[PDB]
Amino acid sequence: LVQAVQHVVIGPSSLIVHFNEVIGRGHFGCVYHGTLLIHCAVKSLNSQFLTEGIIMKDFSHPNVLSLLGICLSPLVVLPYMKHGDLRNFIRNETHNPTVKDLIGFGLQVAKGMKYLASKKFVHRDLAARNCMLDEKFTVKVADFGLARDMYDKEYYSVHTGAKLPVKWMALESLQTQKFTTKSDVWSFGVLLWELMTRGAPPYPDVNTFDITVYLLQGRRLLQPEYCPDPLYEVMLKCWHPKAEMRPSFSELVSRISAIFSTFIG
């Protein structure tokens, strides 16, 4: 059996978990502050989940959340992310990110997704709520592999039994329930829109499963007030009806780099 957990196991003598310090919550379990013998986040789980998520051990990229290990109700040990999720970060009105900052965040997400696409890995739930910020404000694509969960149940709906983030899903995934790198690209465009609105909910006048017909009618998210025309063009390409006509993440990194660079920090 693929218990490659073996290589990833943190012995019981190497992890102190602080169960009184809940720093997060998912459908599968809580996240606790821990001490790895460094600071860390420790996600509780409550076979197929582990085997399908354990690939993340091989991943290392600055804009992708890494795995520190598994301790054994097994515990997934992840890097501490001081500034929480990206969506809450930008909704905090005590801080005013610049437009350059916000595009910067999307550029970092694009870089993380470029890496994951180059490893032939499909995220399936890319969204601002699922990216995390560390102490240096580096954005990490998260909520995948052993970190995979629903961290905000408002935005997931059932339909097979799966809980689907319908307002981030590509048109073909809404029809077929199948995901691909190119459906991640669709989601990426929605995340960009989230960034430019500082975390407004998409399609707020559309009841969850009325989204499919809305998109079939030839309709899309409207251009945010602070979103520059070239970036809205990127968003619209990301939501092309034909998957293969959507840009690659490599093209997105390049084009968003250019747009980012035209702004004053």
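Whichever C-alpha set is largest while still superposing within 1.5 Å between the two forms counts as the rigid core. Numbering follows the first chain given and starts at 1. What changes on going to the form deposited in another entry:
- The rigid-core alignment places the CA of residue 219 less than 2 Å apart between the two forms.
- Residue 233 shows a C-alpha shift below 2 Å between the two forms [criterion: core-superposed Cα displacement of 2 Å].
- A displacement of 2 angstroms or greater separates the C-alpha positions of residue 53 between the two forms, with the rigid core held in common.
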Contents of the next structure:
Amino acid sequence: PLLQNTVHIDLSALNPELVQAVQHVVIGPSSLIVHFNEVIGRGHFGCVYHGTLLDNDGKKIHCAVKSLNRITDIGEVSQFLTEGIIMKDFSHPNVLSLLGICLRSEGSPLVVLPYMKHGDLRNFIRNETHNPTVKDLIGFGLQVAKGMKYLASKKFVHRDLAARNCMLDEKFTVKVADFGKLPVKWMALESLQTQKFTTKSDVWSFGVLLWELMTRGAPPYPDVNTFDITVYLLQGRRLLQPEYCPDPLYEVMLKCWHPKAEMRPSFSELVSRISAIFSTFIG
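Having displayed the form deposited in one PDB entry, please output the structure of the form deposited in another entry.
Single chain only below; no partners, no other molecules.
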């Protein structure tokens, strides 16, 4: 019999430009070991495993390897690879990048990502044994802002910026990412009403993310049900200042939630202002 393991992908059925872009980042099968018995996370769509990649020296590099589960049509493969390839264009320390793509003779293509020792940011900050300092939390927010300043300069709109979508590596470098209907409590008022997303709606979301950092990963608007959020915002109501949050940082959050998209600060101005806050907060 022909099993789920024996699937063969017809690359001639993909856009040739996608295949050629993938060519730029191909990882030979003999250079990758996937620890199929060490699942990092598993969804209905895909699964992520621990892996080891051998560099051109022959040294071992810990990585994360993303696969599709059961593949039944070419559009799922196309989507999967197109996502991976968007990351190829990113090169910034606060933006998640791709190590490469492996595709064997049979089976799912494999997207190979750097290993992020401390997982997602929201879980990290909620952990009592990590108990980050207020200073550390501001620092994380500045790193996110720097990654978003980069993305915005490339005209990439994130659409789901939130602490759950940022990851943390062994050097405590924050990498903006997207784990992949609507994240209503992170969305700008105009996006709730029109379902259009811009860099200025990412700024709103970043303000929410900052609030999550400073509350050590509290859920936003816990009292408000997700159908109630638009009314709350229409009345001019906003997330309240977290305990221990410096005043100038809360001022930054409020500015991010200005009802007029064009009066919100740019990521460049957020980087400057948060840098200033970080530099003067001694702790």
